[PDB]
Each structure stands twice: as C-alpha cells, then as structure tokens.
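Left out: one protein chain. Kept in place: all the others.
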Amino acid sequence: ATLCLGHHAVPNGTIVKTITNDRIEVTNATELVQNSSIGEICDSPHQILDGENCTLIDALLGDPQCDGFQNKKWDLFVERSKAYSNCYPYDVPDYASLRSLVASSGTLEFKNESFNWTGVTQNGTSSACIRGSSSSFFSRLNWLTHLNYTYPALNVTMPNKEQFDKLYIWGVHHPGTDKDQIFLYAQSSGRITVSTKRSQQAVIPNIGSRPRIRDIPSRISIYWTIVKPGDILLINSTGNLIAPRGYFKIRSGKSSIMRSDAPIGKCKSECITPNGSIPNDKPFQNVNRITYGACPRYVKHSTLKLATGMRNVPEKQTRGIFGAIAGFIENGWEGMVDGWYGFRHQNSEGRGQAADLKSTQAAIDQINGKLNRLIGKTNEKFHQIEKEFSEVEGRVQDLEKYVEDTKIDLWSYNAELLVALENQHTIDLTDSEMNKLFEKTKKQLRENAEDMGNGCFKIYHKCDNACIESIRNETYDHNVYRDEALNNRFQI
Amino acid sequence: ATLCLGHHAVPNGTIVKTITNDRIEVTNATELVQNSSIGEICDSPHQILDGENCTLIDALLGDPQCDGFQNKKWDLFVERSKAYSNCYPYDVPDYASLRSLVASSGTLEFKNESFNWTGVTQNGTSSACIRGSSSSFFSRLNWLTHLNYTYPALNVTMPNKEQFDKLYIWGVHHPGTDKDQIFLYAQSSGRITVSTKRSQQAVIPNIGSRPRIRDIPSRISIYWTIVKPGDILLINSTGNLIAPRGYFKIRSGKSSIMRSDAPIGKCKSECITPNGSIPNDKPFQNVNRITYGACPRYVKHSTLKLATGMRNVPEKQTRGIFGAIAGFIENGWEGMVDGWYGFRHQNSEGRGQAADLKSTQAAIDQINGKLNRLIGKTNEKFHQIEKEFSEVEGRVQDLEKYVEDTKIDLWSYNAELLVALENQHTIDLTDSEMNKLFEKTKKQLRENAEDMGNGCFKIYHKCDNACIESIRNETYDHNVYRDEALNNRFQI
Partner (left out) sequence: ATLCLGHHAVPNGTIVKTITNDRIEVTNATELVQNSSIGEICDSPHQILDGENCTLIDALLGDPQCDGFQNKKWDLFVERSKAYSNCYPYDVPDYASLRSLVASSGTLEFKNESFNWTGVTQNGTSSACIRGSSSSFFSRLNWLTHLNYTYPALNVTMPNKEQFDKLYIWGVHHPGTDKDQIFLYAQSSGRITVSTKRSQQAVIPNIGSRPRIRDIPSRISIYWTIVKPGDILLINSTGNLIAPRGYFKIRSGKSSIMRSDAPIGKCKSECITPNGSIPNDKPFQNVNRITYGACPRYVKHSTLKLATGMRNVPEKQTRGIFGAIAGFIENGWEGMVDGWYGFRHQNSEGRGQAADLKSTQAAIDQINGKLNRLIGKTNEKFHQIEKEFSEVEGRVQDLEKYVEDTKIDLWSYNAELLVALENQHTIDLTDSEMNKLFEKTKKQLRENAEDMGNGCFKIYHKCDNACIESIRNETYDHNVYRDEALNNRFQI
C-alpha cells in the first residue's frame, strides 16, 4: 500500500515579507496597519465638546458666541477651522501654553469672586463685542474705567483659602490713541502688576494704533496666573486693567484638544483622529500621527501583512528550515479543506484522503498565540504635543517636529522587523509541524514500510481502510504485519 | 535490551511568555526587572551632597544656613522636600535653567574679585537674613546703597583674562515703597544694565508691595551671566543693584541634581533613584524613571521572566520545533538531578540512569551566552531632563513629558519583545539538544536497534552494563553485535 503525508494549499494566496525574502506566498495573512477612517468623530465613549465656531480660548474668555459653553467639561475639545472670534481684539503671549493647560484641565468651571473695585467704574463695554443686541464684553472679564474722572491706584487682594488651585485670567488694554487712554482711565500712562507669593507679572500698556481687526486698531493682551492654596493674588493697577470676575477651576486628567473638521457622529469608538474615529483592532495605523484614546501606533508603512498560515508554494530560497513544506513534499493539496495537514493513501479498497486534526490544531494554536500578542492590545494616549503648525517659530518647533519624526521612525522600524520575524517563524513552525507528523508516522511503521523520499511511505503489506485508519489514529500494531512486511521488503 | 533517551524535569516550574504562548512552564527562569530599592541613597562611589535644609540655589547665593556648603563639589546634589529659604525673599527668572547649569557644573567653587564700587555704601544688610545673630545678607552678594545721600552712575568693568569661563550671579532689588527706594538709593527710579561683548541684560526695578514672604513685601530678582576668556563683564547701575562679590567656576562633567527624601546610607551602589539606590545586575527596572549612574533601563512592566532552562511540561501548542521535548518524549525525569539530558536503560543486569554531560553543557553554555548579553551591562546616565513637575507650565513641559513617555514606551516594547524572542529560542535550543542526542545515539546503533517512537531504542542483542556504558561514552562497536542483532530483528 502507499501512504502519503501532505499539507493544504489554496488558489488565492497572499504575498508576505520575511527576513530572507521580500515576496513569499502564504495561504492566509492579516493586515496590521489600519489605513481608513469612517470620517466621523464618534461621540462615545469619550466626552466630546465640538467648539463649532469658537476656539477654546474664546470659550474661556467668554466671547458672546460661546456663552453656551459656560462651565462645560470634556475629554476631547474639537476646534474647527471655520472658528472665528467676534468680541474685542486680543492676543495671548504664549497662547499655545494657555490653550494646552486649559485643554489638559478639561473644564471651563468658573466661580465668581467679589473683588473690591472701589473708586472705578465697572462693567466696561464695547460695540466690538455685542451680546443680545446690546454692546457688551467678555463674560469672564471686567473692564474697569475711571469714576468721576479719577482712577485711584488699586491694591486689591484675593486669598486662596480653598484646597484646589485657582486659574485667574486677566488682561491689559492698549488704546490706539493717547486720547482714548485719557477718556477711559484719566491717567496718561497706566500700569498693571499682579503678584503672588512666588510670582510677579508686571505689564506696561503700549498706546498705539495697530492694523484694524474688524475695524478696531486697539488690543487687549491676555495673561494668566495660577494661585495655589495658602497663596494670595494681589492686583496693583494705575489704569488699563482688564480685571477677572473670579477664577477657573483647574484639574488634572485625561483631557485634550484636537483640530478637526470631521463631523461628530452618533457612534462608539475608542480611538479618535482628525480624520475621524478609527478601529483599534490593529496594532498600527497610517491615518494620522495625531490621535486621542486607545489607538494603534502611527507608522509610515501603508500595509504590513502578518502571515496566518503556512507557505502556499514551493520556492527553494525560502523553503522552511526543516525542508518538508516547499521541500521534499512537492506541493500542497487544494482538495484538503478540512485541515492543514493530512494523509492520502492508496490500497486494495481504493484511494482516500483524511486530515490530521492534532497537527492542524498545534499550528493554529501557535499562530493564534502570535495574534493574541498583536490584536486588540492598543495603549491609551491623551494630551500630547502639537504635531502640525500654522506659523514658523524656529527652535522649539524644530524640536517638537524632530521628537515626533524620531518616534515615528522607531515605531515604523519595530513594526517592519516584527512582521518579517514573525512571518519567518510562522513559515518555519508550519514546516516543523509537517515534519513532526512525517517523523511520527515513520516511527509508527517501524520495519513495515520505506520512505519514498517525497513524503510518501511504501507500506510492504496488505493494509485495508481499517489498517490505514489505525495508522492515522495511532493504534497501528506493527508486530501484526511485520513477518509479511519483512518477506516483501527483503527478497530478490 | 532497552535504551531510553530523556531530559530532566522539576516539581517547581516557572511560567514564562514566548512568541507563540502567553503561559509556558520552564524548569528555571530569572527576573529581568529590578522592582525594589533598599531605601537608602548609598554615599559611594558617587560623591553625594545632601542639601538638607538648603536648595542648590540657596547654597549658591549664600543663605546663612548654607554657609557650610561653600566651595563644595559633588557628583550628585540631593534636594530635600523639607528645604526652605531663610534669607532675603528672591525669585529667579528661568530658575530651572540656573539650577540645571549649576547642578551639571558640579561645583560651588567661588573666587572673590575686587570690584571698584567707588561712591556707594557696600555690604548692605537686612533683618530678614540673620547670620550669627546679627543682621546680614547673602554671602556671595553685595548690596550697594547710597553714600552721603548720593548714588553716582556706576560703570564698573571686570575682564576675564583667565583660561576658564566665569559664572557671575547678581540681582536687582525691588523695594515695596517709593520711600524705601529713596532711603536706600536716593534716586527715584534706579536701573541696572550688565553687558559682555556678546550679551546685554537690562533690568528696570519695579517698586511695589507683593504678598509678604516671612513679613517681607519686597523682592530681589536674580540673574546670571557667563563671561568667557577674552570677554569682559561691564556693570552699569543707577540704583537697585545687588552686586556680585566675584565669580563661580563653571565646569563640565558628570554632575547632576535629584529631588529625594531617602536617607544617605554608608554603602556602595552605582545606581541611584529618588527611592534609594538599586542593584544594577538586571537590564531593566520598575522603580523610578529618574535615575543617576550605571542604571537598568526604566520600563513599565513589573516583571519580565527570562527562561534559563528547558520546558518543564508537555504542551502541544508550544512544543519545540524539533518535536522531542513535549513531543515524542512523553515527559521529563524528576529523578535526573545530575544533568539536563541523559539515558535510562534496562538490560539483564537491571535498570539504570545516567546523565549526558556534553549535551547538558552545550545547552547551558548557550543560555549563559544569552545571560552574558543581558546581565551586568547597564549604561551610565548622568544629568538629564526633569521628569516630575510641581507647577503647570504648558508647552515646554508637555514636550519634556512627551519625550520621556515616548522613550519609556519604546524601551518597554524592546524589553517585552526581547524576553518573548529569547524564551522561544531557549525552548527551541533545548529541544534541539535533546533531538541531537537522540539522532547521534540512533546512528551509533546502526542496524542493531530500532526506534520505538517514544525516545527509546529496542536493542536487539545482549547488552550488559559495560555495553550500555560504551554506547553512552561513544565507544560502541556495532560490528561486534551485528550478526546477533540481525538474526533477532529479521526472523518470524
């Protein structure tokens, strides 16, 4: 009789990369790079705040347009490119740091405080910042002006006797004329100094016309102070002070901000990009280097195929290290669809085929053990650094860019090497399981059969279907057939 | 006779991770993550300076409390959380950069210089800074005041004609009243400008009361200049100048600073953390991301087990690639305690067991070669970046945090992959050595024995203890027994 060992093959193989070859065909493979988004930022499970027409800073200051954002919290604040300011013209020195610390804090929770502004006119107001069809101002800021043509020197204190840090936002007004300076504050100069036990911020206003923003040549420069428990805010002003009305609560947590024009969708996804939410089943992604949540790692490769099956073809230069698959076994069997390894036989009762379940399962379990290491195990990242920039800044920006490029190149290397190593090992382990099955079958047959060199055994006795079945299921008694087999082997 | 090949096993195995399995038991394993400190910073072999009640900046300025730190050097300066300043109230713009450059320099070596302060009163003194029960000041700073109610415009020069850089520390006094400004300096304003060939630092004092620190509403702002050889320091002051008394030597080397409340111990250890000194035998550590010296690399894993022995069990899905261990050899032998591989026999004279030394050693040497790559080869790091922060700063701090998080995640990946790869290879190499021993034994026996399929050979002749011994030690002559063996094999 004849008993042949073999493995399965498929008509639709997949090309993968290995350590020793750029292009080898395997029976099956899975993609490890996520390359697509559905185009929507899912509203679950992270608390999304669409900024819509407002930036985070405008919502913080209290632009009238952003009145509905009062005391809001978020996991992720989404800034739109269409956003525009429509209150008094302002600048923030170190705007990026203020935007970052508020975004990381994740709250616009504001508590009003009763400051003693004796001797000055409160609630100053402008036609550049109209609220409910009336001239107004930033909701969190108090513009102070002269009362009875006098602005006395202010020396106003507020202690932090709480158990949490207080974030104070205040500003300095720069009029476009000496005339407006006199009209507003009486005083010719003006000067603002705010202090804590640990800090001093001293600002001297600059009178002068700047290019008009929405017809306004004057500006407000915005500053912030953090006052910890047991510390005290102290505000000296001889004019030009845009006063705080209280403090923001500042928290620490997982909160962040992202620039994106993707719509908010009614859906659930853990990983957010500016292109929209992405699946996180895969370990790597090519969609965006800017991410929030439990996200695949950004890599530069567009595709990385992990082999999830054996080799599909013979090829000498990538043949497994044991030399069975693509080796002494000439080809796989497309007609074996119930297992990865198996037996074909020819006897007196005909020709048959049967899969080996134990070797098939042993190969599958090893491949699944690789998949369990790589699939569905992404790591959470929240507030990070900015990675896209609208203006030239030089040295700090060069550093932020370099850090991200360095990180991406290292992760792109890790991903490439991982796939090449795993694929080489997957091809070698599947070759190994075939070789083990052949060796086990050979030992079983003892002196009753000879290797024909092609994965087939010439069995030197009469072996019916039950006899072939006994070999396949490990119950073959060689002693039963040994005399018949030895006579047939050793003759003339 | 019967001769069986086998391997050792133990009752107390250890679970490790591989490429293809999350949980596999091996005979032995070693821990690669250091997770503990003894709680003391060892005083050897690095030169430790305990700052005790003083910060590095207070010791630099010459707070009276820190007079014993004059001209000290260190490899590592240790700042305590209990530390407090008890001289005149001061701030430093870019305090972190000054603290860093002094810490990296590693010396408080100070050389006095004779500045020409003609026309002003020297050695100004305060009740806020008492030394030996007398009102005093910072030991390295010279407070200048009016003489005869006049403060002439100063224009004082000092050349660097040395061969080393000079670090000058100076300050600006901000009085809390215009009255104190007049009393001290005569002049209503005051102004300080210090220059080199390459730099200018122009400071305008700010008169005004700040929140009181130890009853003092006024402040001194501290600045520094570095003057290189062939350059010149030039100091213009029309008042408010806190003058230097000389320069600090500035060096480059391995020096650093660390925040820690761990006691200094009388001991010797190369790696220092804020939690105390740690062993550096292991390649990785989980104790602290802040380190100094020849230290294991910080990783996020709490444990990483490297297999140092073979597989302890049979398991089909992780059976070695050669298929002997956990394969056709059903189980290991707990009663073999003199070697990792060996022989068991049954003959006419009884049953015995003996270890194979050459295969045992070949496996051990390979595992030791892995250990030699990983154990006791840590790399020295000294002055780095700060990694814990007491205040919100925004953009720069976001970057410093991101750089460290990026580095830790990459090293944590390297450590995880290394263990999984090495463990897979260790299991495969130990399976290989077993297979090689079996194959070598098979070839030795020629036609005188048959494989029974379980790692045992049925020897078809009479083989006494000396005959079994000859097989084990490679002196078996097959030709001697061939006729006897062939007759027994090939019969009816």
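Order of writing sets the labels: A and B. Residues in every chain begin at 1.
Criterion: contacts are C-beta pairs under 8 Å (C-beta built on N, C-alpha and C of every residue); 3 or more make two chains touch, one makes a residue touch a chain.
Across B:259, B:300, B:316 or B:436, the single residue that touches the chain missing here is B:436.
Residue B:97 is the one among B:70, B:97, B:135 or B:331 that touches the chain not shown. Residues of subunit A that touch the chain left out of view are 18-22, 91, 206, 208-213, 219, 316-319, 321-323, 327-328, 391-396, 398-399, 402-403, 406, 409-410, 413, 417, 420-421, 424, 450-453, 489-490, 492.
Remark: the residues of subunit B touching the chain excluded from display are 94, 96-98, 100-101, 155, 157, 193, 195-200, 202, 226, 231-232, 234, 236, 250, 322, 358, 361-362, 365-367, 369-370, 372-373, 379, 383-385, 396, 399-400, 403, 407, 410-411, 414, 418, 421-422, 425, 428-429, 432, 435-436, 439-440, 443-444, 446-447, 483, 486, 490.
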